[PDB]
Structure formats: C-alpha cells, structure tokens
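This is the structure, below, for whatever I ask next.
After this line comes chain A, so read on.
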Amino acid sequence: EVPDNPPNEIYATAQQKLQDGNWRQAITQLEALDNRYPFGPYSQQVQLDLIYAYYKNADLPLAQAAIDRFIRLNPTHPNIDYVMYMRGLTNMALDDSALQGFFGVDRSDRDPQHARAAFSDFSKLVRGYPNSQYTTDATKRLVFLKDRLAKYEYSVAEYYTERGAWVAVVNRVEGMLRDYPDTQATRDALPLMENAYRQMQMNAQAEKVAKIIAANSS
Partner candidate 1 sequence: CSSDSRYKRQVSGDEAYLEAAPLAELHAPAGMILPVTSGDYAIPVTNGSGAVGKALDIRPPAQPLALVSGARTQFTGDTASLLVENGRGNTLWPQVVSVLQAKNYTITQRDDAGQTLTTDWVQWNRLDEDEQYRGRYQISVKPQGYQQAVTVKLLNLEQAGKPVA
Partner candidate 2 sequence: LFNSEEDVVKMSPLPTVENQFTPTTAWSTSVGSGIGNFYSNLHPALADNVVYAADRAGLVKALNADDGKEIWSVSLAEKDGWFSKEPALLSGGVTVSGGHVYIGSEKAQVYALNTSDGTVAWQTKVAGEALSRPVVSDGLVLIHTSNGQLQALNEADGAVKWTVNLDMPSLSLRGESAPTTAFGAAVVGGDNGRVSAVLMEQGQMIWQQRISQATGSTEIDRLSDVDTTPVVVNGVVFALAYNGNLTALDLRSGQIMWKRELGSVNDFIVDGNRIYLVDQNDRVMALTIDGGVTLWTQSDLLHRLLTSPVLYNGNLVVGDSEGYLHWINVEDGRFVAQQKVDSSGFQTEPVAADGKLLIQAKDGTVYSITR
C-alpha cells in the first residue's frame, strides 16, 4: 500500500502520519521504509520511531521486538538509555493495562511477568545510565514496582495463610524478605510468618519474629 519514494520522503511521510497521530499509518510507512531502504542511515531512527509508535498504538509486543532489534543492531549507542527505558516501559504496560483499574479493581494479584522483566530493564537503565534523562523516572518505577511485586507475593502468602499451608507461608514471607526488607507488604508479611510459626508449634521462632516486629513497630 506504501508508494516507493526516497527514504527521506517516506520517512517524512511517516512523520506526517505521526503528525496526524495515526500511529497505524505512521508505522505502516516506517515499516515500509525499512523494507524499501533497510540500509538507510536512519533505519535506526525508524526503529526508534516504531518503538514510540508501537507504544502509542498499544503494539507492545512489536515495540519489544523493535527494541530487541535496536539492541542487536546497535549494541552501543547514545540513544540506548531511551531504548532501555522503553523496554521497561513496554514490558510494564504489557504486564498491566486492563481497564479494570477504572473500577478500582487491583492488578497486583496478577503475576508481574513483564513487570519483572521491566524491573530488570529499568534496573539496567539506572545502573548503566546512572543519570540519563530517563533515569529518575525509571528509578521511581523500580521502587513502586518492587512494592507491586511484594503485593503479589504478599497476596500469595495470604492465600497459603488462608489455606493453612504454614510452611509455605513462612517460606513465602521469607522469600519477600530475601528479595527485599522494605515494602509495607513486607512489614505486613512479617506477622503472617509469626502466625504460621505458632500454627506449627514453633512459638520460639514466632517470638523471634515478634521481636523483629517490635523493632519495626512503626
């Protein structure tokens, strides 16, 4: 459907479709551009444009793929900070995007698959690019995400608590702790563990936890 024009012109046409906001059309041109002129100097930009447009068009699987290519086509590049950011952003959105949030319905009880991927993505960003233009935001994302991750795992511990799987409860709380000692969910998980110890006639071990709770009683 795309007419063959100079790669600069096709690119510009894609920009015009981005101007329209019709991401689908912009993408159509961008893809055609790399399919007509894959060796263009700014085919890398086309991929960046696609990462952007795919995000904008909710084509997160493709944004992801574009990023994968960018990485392999440009192992080292000034714009990686963005790419890495977007990888996390993409994966984050890929993990959580259901309209249920509108109704006050939480998603922390869904397995943070792509969110964990995004965790890594962003952690790579903030470490590799310690002060890039996307790092502050990404850092915040790592913090909140960790909390989400905890909420999920916390909920899991609650399930086992409800079930009566005291061993699992302890191990799940412990897992949270091993991962990190900081979310509120961690603070809440802490007594779930204690409870399980009493349920296992491990009162002494429960007391150990109680002492920890006392130290963290605020």
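Regarding selection, all candidates are chains of the complex that A comes from, given by their letters.
As a convention for this text, a contact is a pair of C-beta atoms (placed from the backbone, for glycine too) under 8 Å apart; a residue touches a chain by one contact, two chains touch by 3 or more; residues count from 1.
A.B. asks: Which of the candidates 1 or 2 touches chain A in this complex?
C.D. replies: 1
A.B. asks: Any idea which chain A residues touch candidate 1 in the complex?
C.D. replies: 7-8, 11-12, 15, 18-24, 26, 40-42, 44-45, 48-53, 55-58, 78-79, 82, 85-86, 89, 93, 97, 101, 119-120, 123, 126-127, 130-137, 139-147, 177-184, 186-187, 190, 208, 211-212, 214-216
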